Structure formats: C-alpha cells, structure tokens
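Student: Residue strings, one per chain:
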Amino acid sequence: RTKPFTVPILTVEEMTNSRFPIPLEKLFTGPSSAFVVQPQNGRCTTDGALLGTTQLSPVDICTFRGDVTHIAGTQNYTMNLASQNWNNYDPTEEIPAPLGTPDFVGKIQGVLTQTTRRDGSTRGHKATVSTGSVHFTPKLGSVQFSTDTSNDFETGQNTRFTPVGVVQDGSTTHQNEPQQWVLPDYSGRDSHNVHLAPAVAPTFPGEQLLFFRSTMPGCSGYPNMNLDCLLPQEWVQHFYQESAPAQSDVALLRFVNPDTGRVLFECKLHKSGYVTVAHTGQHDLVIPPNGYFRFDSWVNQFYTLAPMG
Amino acid sequence: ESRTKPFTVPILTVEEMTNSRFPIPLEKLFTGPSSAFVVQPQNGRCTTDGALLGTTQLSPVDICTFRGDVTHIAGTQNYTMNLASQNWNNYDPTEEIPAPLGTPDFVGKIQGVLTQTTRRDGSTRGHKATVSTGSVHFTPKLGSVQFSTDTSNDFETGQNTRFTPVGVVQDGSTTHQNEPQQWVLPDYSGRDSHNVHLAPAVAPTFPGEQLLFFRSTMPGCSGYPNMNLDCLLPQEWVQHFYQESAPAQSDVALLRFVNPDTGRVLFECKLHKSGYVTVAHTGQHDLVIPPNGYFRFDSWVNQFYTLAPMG
Ligand SMILES: CC(=O)N[C@H]1[C@H](O[C@H]2[C@@H](O)[C@@H](CO)O[C@@H](O[C@H]3[C@H](O)[C@@H](O)[C@H](O)O[C@@H]3CO)[C@@H]2O)O[C@H](CO)[C@@H](O[C@@H]2O[C@@H](C)[C@@H](O)[C@@H](O)[C@@H]2O)[C@@H]1O[C@@H]1O[C@H](CO)[C@H](O)[C@H](O)[C@H]1O[C@@H]1O[C@@H](C)[C@@H](O)[C@@H](O)[C@@H]1O
Ligand SMILES: CC(=O)N[C@H]1[C@H](O[C@H]2[C@@H](O)[C@@H](CO)O[C@@H](O[C@H]3[C@H](O)[C@@H](O)[C@H](O)O[C@@H]3CO)[C@@H]2O)O[C@H](CO)[C@@H](O[C@@H]2O[C@@H](C)[C@@H](O)[C@@H](O)[C@@H]2O)[C@@H]1O[C@@H]1O[C@H](CO)[C@H](O)[C@H](O)[C@H]1O[C@@H]1O[C@@H](C)[C@@H](O)[C@@H](O)[C@@H]1O
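Sequence lines, in order, name chains P and L. Counting along the first sequence from 1, when you hit position 187 you're at 187 in my numbering, and nothing is skipped either side. Counting along the second sequence from 1, when you hit position 186 you're at 186 in my numbering, and nothing is skipped either side.
Honestly, the hints are just simulated from the structure, not real lab data. We put the beta carbon where it would ideally sit given N, CA and C, even for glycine. Please note that the accuracy of each hint is not assured.
[As the list claims (entries may be wrong)] Computed Cβ-Cβ distance ranges for the label pairs, DEER-style:
| id | chain 1 | residue 1 | chain 2 | residue 2 | range |
| --- | --- | --- | --- | --- | --- |
| 1 | P | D90 | L | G158 | 42 to 52 Å |
| 2 | L | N89 | P | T280 | 31 to 41 Å |
| 3 | L | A201 | P | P289 | 41 to 51 Å |
| 4 | L | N89 | P | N87 | 35 to 45 Å |
[Stated by the list, open to error] Coverage of chain P stretches by chain L, computed from C-beta distances (three or more under 8 Å per stretch; other residues unrestricted):
| id | segment |
| --- | --- |
| 5 | 212 to 221 |
| 6 | 272 to 279 |
Sequences and hints are given; from them, build the entire structure.
Tutor: Here it is in structure tokens:
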C-alpha cells in the first residue's frame, strides 16, 4: 500500500496561524455564504502542493524586503520588492504575488529596519503598509509604506518590514477593518488578480467550514483582530514534507481529548486542503487545551459527520 | 542495533528553514573555533530523539516574545511586565526550566513593539519598546521583566499586553559591534542568583572537529550592533524531532549534505544525539552551498567515525 497520510500531533495552541506570524488560539465555525473564503496563504493540498501565495516559513509571512526610495515631501517610502533570499522578484512567474504577501485588506503596522552596507550602521522606524491602497501593487514589484520619518532611510540599501499587528480609524465604525475576507488588488486598481488558490465552501447539507483562528495584535484604534486560516501553518509544512497521496475525497479526522480519551468531534479534511465540520451557526468551539487531531481514514464526500456538540 | 522507526531530518534547504533563537529565516552555514567562548544557548535545544531542553519550545513565532500585564514606573517611560505563559495562564516560576519558554538566551537590547488591547471596548495601542536582557531588571525566571518605551500615560494596567521582537540595537558612541553578545546568557533570575536547568554547554570533542552553526542576521534598529546570530539546530529540526521521536541507535547521526540536482554529496557531518552538529574543519569559513541542497540522514555511526574533510 501507498504512503499513510497523517496530520501533526499538535494542539491548537502549539501551532501557528498561516496568514500572519502569530500562534493559533481557538477553533471557530460559522456560515460562510455572505463572504468569499479565498485566502492565499496557508493553502496546500493534503498531498503537499502549495497553492496561492503559500510558502513554508512561518515567520516570513506578511513581511517585505527590498530597497526603498523616499516620496518627495511626504513621510512615505516606495519599496521595490526583492525575493525572500534578496534575489530579484520575478513578476512574470505564475503566482498571484510574492509568496507570503498579505492576503487580506487592512493596514498592517510594523517596523522597517535598514542596514547601511558600507559601515554596518542600522536604523529602524515604525511603518505602516495599507493593502487597500492604490500603491499596494506587490505583483508589480512595489508597495508603499507610510512612516514617521522624512530623512532617515537611504537609497540602495537592504530594508526589511516586520509585521506587528493592525490598525483602524477611531472615528470609523469600530471593527470596520481589516477585512480578512477581501483580497487586495495585487496589481493595483483595474487589474485582475491571477493564479489564485480556489475559493472554498461547504458542499454538504448541515456542514460549515472549520476555521483555525488567531487574534492579530491591535496597534491603534478599534480594529477587527479576528483572523481565520484554513490550515495551521504546521499542517502545510507537514503535508509538504510528507506528500502522502490522497486515497479518497476526504480525510476523516477525529479531535480527541487525551484526558478522557474520548473523541470530541469529527471533521473532514478535504483533499484540496480545508476543513468542514457538521454544525449550523456561529460557534467558538470549547476544547481541552491538550486536545489534538488524528487522521482516521479516507472516506468519500458523502460521509455523514456526527453533529459537533 | 534494533528494529525501530527510522530516524530522519526534514527535507528542507537551509533558506527554507528558520532560526531557532529569533523569529527570522536561516541564511547560511557557518563554522569556526569555539574554545574561546561558552556555547550554551537555551533556545534551539532538542535531542535527536525529541527531548526539548533549556527554554526551547515549538512555535517559531513565539521566540523572544513576552506577554503579560504591565504597570508603569513613575516619572520614566519604563514599564514592568508581569509575565504570563504562552496560553495566557500564569507563569509558574517553579517549573523546572531556566526561564519562561522562549525567553531570549543572550545579552543584548532587543527592540520591538508593545501592543495592548482593552478587553472591555476593543481599543488598542502599540508603542516602540526595548528590552535590555543584561539589565538588573531582567528577571524572567521570577516572572517579571522591564521595557523602556516612548509613552508615559498610554498603557493601561490589568490588560493583555504582548511584546513583538523586531531586532537589536547598540550605542554608537561605544565600540562598534560590542553588543548584542550572542554567547552570553542573561541572568534569568537577575543579580546574585544562579541560572538553573540549563541545556549543557557544547564543544566538539574530536580531533579536527568544529561546530556547524546555522546562521541568520538579526535586523538592526539602531547603531552598530553585532547582528550575527547562530543556532545549533534549525527550528524546523526541533519541531521535527519533537514530533517524530525516532529512537537513537548511537550517539552520532551521520548526515550528508546533498545536492538533489546532481545527486552528489557536498560534505558530511555529525549530528549528535544531544542535539548539535559538528564538521571536520579548522578555521572560520562561510560554507558555499547550492541553494537547493538539503541534509540527509544516512546512518548511525559509533563514537570513533572520522568525517571526510569538508572543503
Ligand atoms: C489617547 C486616546 O485614547 N486617544 C483617543 C481619543 O480619546 C479621547 C477621549 O477618550 C476623550 C473622552 O473624554 O478624552 C480624551 O482625553 C481625556 C482623557 O482621557 C482624560 O484622562 C482627561 O481627564 O479628560 C480628557 C478629555 O478628552 C481622549 O484623548 O479619542 C480619539 C477618538 O477616538 C482617538 O482618535 C481617533 O482614533 C485614532 C486611532 C485615530 O484614528 C484618530 O483619527 C481618531 O480621531 C484617540 O486615539 C488616538 O488617536 C490619535 C490620533 O492621532 C492617535 O492616532 C493615537 O494613535 C490614537 O491612540 C491609539 O488608539 C486610540 C484610538 C486609542 O484607543 C488609544 O488607546 C491608542 O493609543
Ligand atoms: C542621524 C544619525 O545618523 N545620527 C547618528 C550620528 O551620525 C552623525 C555623525 O556621523 C556626524 C559625523 O559625520 O555627522 C552627522 O550628520 C552629518 C552627516 O553624516 C554628513 O552627511 C554631513 O556631512 O554632516 C552632517 C552634520 O553632522 C550625523 O548625523 O552619529 C552618532 C554616533 O555615530 C549616532 O548616535 C550614536 O549611537 C546612537 C545609538 C546613540 O546611542 C547615540 O548615543 C550615539 O551618539 C547617531 O545615531 C542616532 O543617535 C541618535 C541619538 O539620540 C538616536 O540614537 C538615533 O536613533 C540614531 O540614529 C540611528 O543610528 C545612528 C547610528 C544611525 O545609524 C542612524 O541612521 C539611525 O537612525
């Protein structure tokens, strides 16, 4: 027989969000027809193929690196993206955007660090990247940071953005941003995003997506810090390493409590790489902190899940 | 020896992997003498058979982070943080570990951002902040460390606060590269109190051998810092061993560093069961590698195996 499939033995708290570099916290399910579940990070098939902008480093997510140039008489800088390894980014390559690029619309605040090469002198500054901005054009090779300085950064020198969290306008309706289910225009206004990972949805009666949820840090304002990924990053890493051929439509998983030794709920991990659970309504799952997922068997699509309590 | 699930290391190129002492990618392989200093890092410490040691822990993002609640220090811009553990549960100073898991394992000043949310109304705040790990006030084993910041009135008490490491600084009017000092442990419990439950110091104990270091360059946010940061095991190997837990058949895993294009072996090295790597070489050398090469476990050798000299 073929290579056995498995998922990591890791508690939810032991794993990482695949869409922002922070730990998972809780499992969340709810209905999803009023939005588009089409995230591009944390997207991998159960047999290890990365889709969208998904990539293996759990820290290089929503980071940017390249050289900056100042925009005259503003406190903003244009960055020319270079690849993860400081190599040139190629925009003709059949991906939506540099791997790791943010896949939601909001203003991400972090720090831009720079090292001057001739002498090893370094500088760092609060900087914010706004992914809705018309200047957010990562697939063209360039994005824009609004910072708190007009003089410090130098041209031609390696600069790095390190994400911290998200902001929203105080006056504007609380929680009105970021919008975790709207993809940016990776090439800017009036262009189609390309090579995207598919949108996903439940396709069985009584079934809803299962989200692995973190809370992004807020830096300023009343932002909506909710962040759902469809696979923990370690799952991506796992499937990529393991490459077990999917035997059937869906991989049945049991979420077990090690303390009582019983199954708490079951769920389907679809081969294209997302999880559905049997439940109607918005629900914050209650799990033991030391519960874990374990693969059970390959079943076909029409397998009926026991309702999740 | 015995009939046992085979040992393995992940098929990842160096650049696909992450530094186990600070949340940034790996960059290059580096070797050099280590007799003139103590190699005792407490992050990126794991046995080949899956025992996490020191303050080593699984999340790559939770390294050099701190979280807890803060109180202001009057007439300064500093705050004291009472540390929670990763799950936001209280930190148990009696747990047999050197410090909260993931605490920094070197003396230096880490610059980052402190973010906070007021539970009650969803209001947020974030400020530049630095933690100086050499400072008298750096006492993570007794559940408290001190941040210097740029605000006086803004952080609230009894609210969830998080520190996100960005990089490192130094004082430019002093000897360039004098800090951070990657191979000096903080005093986890502060002054006049010994460190406890440390992962052992490491050293090559074999004629002609040197440590192999997985090396990253920490972001610098000010001045002329020493941004080299070397870990003994990539975080992904820690992760891997912990999950796998393959029984070790000897004290030495022979690895070959392979180029999958050509098929041919670039060099060979020893991955010791206590969890660090050595290589046959004398002197400082930044290893030249093909971008797509990776390490491969080939067999368990006894303690008198001689490595082919790495070029
Ligand atoms: C510091 C702060 O909270 N600033 C808010 C400001 O709060 C004001 C109100 O609470 C009023 C209500 O009476 O009090 C003002 O001062 C009080 C003071 O608290 C008392 O101690 C004193 O006895 O009485 C005085 C009388 O006022 C407070 O300053 O509200 C404005 C609007 O919410 C808010 O700005 C809005 O949201 C921000 C993020 C920004 O989008 C603005 O465009 C909006 O107008 C202030 O927030 C700060 O806004 C500043 C504008 O530059 C800065 O941007 C700063 O980043 C913001 O502070 C960050 O986030 C804020 C929303 C707030 O939640 C902070 O916790 C956080 O630091
Ligand atoms: C802005 C800056 O770089 N400040 C440095 C300062 O540089 C000055 C000197 O190099 C003198 C000597 O040439 O030139 C000054 O301006 C020159 C300019 O270079 C020429 O182009 C022109 O011909 O003449 C002008 C007129 O002077 C430079 O501004 O050097 C000191 C030390 O090198 C440095 O501060 C030292 O170390 C820092 C960490 C701090 O501890 C100080 O205590 C030390 O003196 C300045 O760095 C800034 O220091 C500020 C002091 O409050 C802040 O620390 C600020 O963060 C620092 O800026 C950061 O680091 C500086 C080294 C440099 O790396 C910056 O790019 C970075 O933002």
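Student: Now tell me if each hint is right for this structure.
Tutor: To see whether the hints hold, each was checked on the structure:
{"no.": "1", "hint": "P:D90 - L:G158: 42 to 52 Å", "in the structure": "holds, 50 Å"}
{"no.": "2", "hint": "L:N89 - P:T280: 31 to 41 Å", "in the structure": "holds, 32 Å"}
{"no.": "3", "hint": "L:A201 - P:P289: 41 to 51 Å", "in the structure": "violated, 34 Å"}
{"no.": "4", "hint": "L:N89 - P:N87: 35 to 45 Å", "in the structure": "holds, 43 Å"}
{"no.": "5", "hint": "212 to 221", "in the structure": "holds (count 5)"}
{"no.": "6", "hint": "272 to 279", "in the structure": "violated (count 0)"}
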